[PDB]
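Student: Below, each chain spelled out in residue letters.
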Amino acid sequence: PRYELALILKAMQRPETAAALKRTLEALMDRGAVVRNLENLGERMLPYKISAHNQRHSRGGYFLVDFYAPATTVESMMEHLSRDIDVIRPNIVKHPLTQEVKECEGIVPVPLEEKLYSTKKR
Amino acid sequence: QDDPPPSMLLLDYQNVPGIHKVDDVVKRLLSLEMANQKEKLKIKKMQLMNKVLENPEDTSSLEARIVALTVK
Amino acid sequence: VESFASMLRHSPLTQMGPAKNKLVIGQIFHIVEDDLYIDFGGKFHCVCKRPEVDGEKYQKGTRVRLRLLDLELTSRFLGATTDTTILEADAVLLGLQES
Amino acid sequence: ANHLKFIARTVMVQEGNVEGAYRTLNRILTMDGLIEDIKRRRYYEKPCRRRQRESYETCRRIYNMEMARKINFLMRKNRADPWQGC
Amino acid sequence: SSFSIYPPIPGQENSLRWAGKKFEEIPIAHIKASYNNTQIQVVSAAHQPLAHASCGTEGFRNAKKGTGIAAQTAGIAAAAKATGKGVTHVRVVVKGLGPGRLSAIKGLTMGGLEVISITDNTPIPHXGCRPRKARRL
Amino acid sequence: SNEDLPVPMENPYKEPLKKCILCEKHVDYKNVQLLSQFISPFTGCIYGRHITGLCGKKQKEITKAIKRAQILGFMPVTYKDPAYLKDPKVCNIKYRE
Amino acid sequence: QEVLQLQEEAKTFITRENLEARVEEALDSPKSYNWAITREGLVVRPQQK
RNA sequence: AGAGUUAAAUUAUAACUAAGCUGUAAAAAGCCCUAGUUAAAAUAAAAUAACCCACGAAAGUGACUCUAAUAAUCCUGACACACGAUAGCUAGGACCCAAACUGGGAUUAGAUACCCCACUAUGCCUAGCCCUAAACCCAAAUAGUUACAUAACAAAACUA
Ligand SMILES: [K+]
Ligand SMILES: [Mg+2]
Ligand SMILES: [Mg+2]
Ligand SMILES: [Mg+2]
Ligand SMILES: [Mg+2]
Ligand SMILES: [Mg+2]
Ligand SMILES: [Mg+2]
Ligand SMILES: [Mg+2]
Ligand SMILES: [Mg+2]
Ligand SMILES: [Mg+2]
Ligand SMILES: [Mg+2]
Ligand SMILES: [Mg+2]
Ligand SMILES: [Mg+2]
Ligand SMILES: [Mg+2]
Ligand SMILES: [Mg+2]
Ligand SMILES: [Mg+2]
Ligand SMILES: [Mg+2]
Ligand SMILES: [Mg+2]
Ligand SMILES: [Mg+2]
Ligand SMILES: [Mg+2]
Ligand SMILES: [Mg+2]
Ligand SMILES: [Mg+2]
Ligand SMILES: [Mg+2]
Ligand SMILES: [Mg+2]
Ligand SMILES: [Mg+2]
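From first to last, the protein sequence lines stand for chains AE, AL, AW, AQ, Ai, AP and AU. Per the deposited numbering, the first sequence starts with residue 2, numbered consecutively. Per the deposited numbering, the second sequence starts with residue 65, numbered consecutively. Per the deposited numbering, the third sequence starts with residue 78, numbered consecutively. Per the deposited numbering, the fourth sequence starts with residue 2, numbered consecutively. Per the deposited numbering, the fifth sequence starts with residue 60, numbered consecutively. Per the deposited numbering, the sixth sequence starts with residue 47, numbered consecutively. Per the deposited numbering, the seventh sequence starts with residue 155, numbered consecutively.
Quick caveat, the hints were computed from the structure, so don't treat them as lab data. Ideal Cβ placement from N, Cα and C applies to all residues, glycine included. Any given hint might turn out to be false.
Said to hold, decoys possible - Stretch by stretch, here's where chain AU covers chain AE in the computed footprint (C-beta under 8 Å, at least three residues):
id	stretch
1	19 to 26
2	30 to 37
3	40 to 52
Construct all of the structure, not just a fragment, from the sequences and the given hints.
Tutor: Here it is, written out as structure tokens:
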């Protein structure tokens, strides 16, 4: 995967939630993106009230979409999701699996530094 | 000025055998469509030296470095 | 005549290895009301307190068991050209020597 | 403003005393440094003063935490001297 | 006797009822302790004000109203007016840092009012309006 | 001819360096529980190195991972999420005395 | 090796043909990334609840 | 350098209660179109992490995301080319809040100052100019040595 879409949806019933995902994925495919899979994080109470499209939301559903897309089409996807009203907060980040966990050896102890002053009689 | 074709495999995934037998899905995922500007520079540099330089395998030569700077 | 290098190889100190967590027996050579000055064969003398059990039999010349942690306590502080030694050693009491 | 109320920076009294509960709250803020932060936000300090304050706070924290280690390191050398009048 | 400092979360169901009502049903006592004045207001669970009192309204005037004693008297007066309307327990919310924080807390205690929870809601900007300049006294 | 002289070899008693709590582990902005354990439950502040105990690599990553979740809408900002209040304690700070 | 795994990963990619099926499957299989860490460095999975 | 985004605080604004509210070592002036609580745009600024010391040539930069991206196969070099905090100027837009100037209060022999209240330029965005700092780590760049050797003080001394 290359890009990850942290998608938060307004809490609603099963039919409209499926419809919202169906058209959101359709918008991604129109911009030239090959979506890998869709991950569902369930519905949870939002950490804080989020104001979007003249509404106050306290509960929402979380969904995650990962895809390969050209670099120039990220703005179009972000702009398209902003106009949509069934999505409360869209964010796009590079997929964390793109970077590899750098190998580590240990906590190297830093010795105290000497020779910071002259040796004259204080 | 140069214009790398869009539907071309990036520098790394070219010499490996058995590419043309793969479906269009993977070829799309390796083409310049799903590659950033950094991969584009590699294709520009690779093509540019093969057209003007005499010995491409030599990197320490002055002519090779001048080509590299021109790309940047 | 035995060369000095051969003496270090077979010396008990070299065979000990690191001084941390080593069971070493020692002998008491000076007694205060609550402090027992114990010599364990190292360069300096470690100091330990008299245990509450069988405290009456800790006398001069008595052999006890120790767990060495640092052979010589020594640390470096900022502004000090040379480390400030404590002229002692760190050890704990595991009991009296089982004759 | 948007978060739930009566969750953050809240303590509950026990057995009907309130002076003890209040002191617990102050230790929470002092450890997290909010009490000093509110003191410094009553007026505005220029960024020139902010860095000069962080160069005195850090230096004190180094000297104090180093002198503290020496005291603990030399603490065992306070028993009665066994060689008095030697 | 396992006692937890953290408040009973509304989402869960904690069997800790004071005077027959739940935790969120108990009224609120807002305390704004500034550096020159202390204002005490008690409001219902529906945020409907019951009684209001401050160092100014209790006869203290000018510099005197900023002292601890003035805040202590305000706590006594506010509790008496609150107890008249029939409230036993209250969740006190402290606003700001000032000399009247301690006195107002125990002022409600000695005024015939019982507190169960203390909250500090001091306005803490996260970077916000630029405050006034320094005072070269 | 003397074989008793020491040889120039590295120290064989070099104890392996201490590993931080999150060493060789992948932090993330999606697991709130991992990020929530390093936040003061009463105020919401982020603990420093002297309290968290993490190394210099996993301290910055935790800080960046936490702040990403603050804005993207995955965890509260001014308090610790009460659902994860009973997780095992890893920090070294004590409030109750 | 890298292109070989993409060859296998291409089978499970979401296409317009199976857009409904994947969405319906996703809505019925919740999953979480939450896992805690102990002092000794061992991973604790809340899925045991 | 662009594009998108907002957590905590504050204000316009509405409801309710209260008669007072701000302010100081102490007061007056100001406000009463006010204060407390609940609900809440825009503008501006970026708690804890930071007891970390990273990036850039310097001045500088530490809220989040994406795009573009950090010269030289790795010496010195100007009056030449490019850049340069903050204040200031020209044109348009924004204005929570801070605030030179100015007005009021107080202090004082006087106070066109320190202290208190109000408000403007301006601090902000877009385009252009100005090219000044204790622009100071008062320590020039590149290779090195710990030899020789303490004016003083400071951040030890020196060679090409
Ligand atoms: K901030
Ligand atoms: Mg807000
Ligand atoms: Mg710009
Ligand atoms: Mg008056
Ligand atoms: Mg008002
Ligand atoms: Mg406006
Ligand atoms: Mg710095
Ligand atoms: Mg340079
Ligand atoms: Mg460079
Ligand atoms: Mg040059
Ligand atoms: Mg300039
Ligand atoms: Mg300027
Ligand atoms: Mg200007
Ligand atoms: Mg002019
Ligand atoms: Mg103008
Ligand atoms: Mg203005
Ligand atoms: Mg103003
Ligand atoms: Mg005047
Ligand atoms: Mg400077
Ligand atoms: Mg100079
Ligand atoms: Mg210079
Ligand atoms: Mg020069
Ligand atoms: Mg250079
Ligand atoms: Mg040099
Ligand atoms: Mg002298």
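Student: Now tell me if each hint is right for this structure.
Tutor: Structure-based check of each hint:
1. 19 to 26: With 4 residues in contact (Cβ-Cβ under 8 Å with chain AU), the coverage given for the stretch 19 to 26 of chain AE holds.
2. 30 to 37: Since 4 is at least three, the answer is holds.
3. 40 to 52: holds (count 4)
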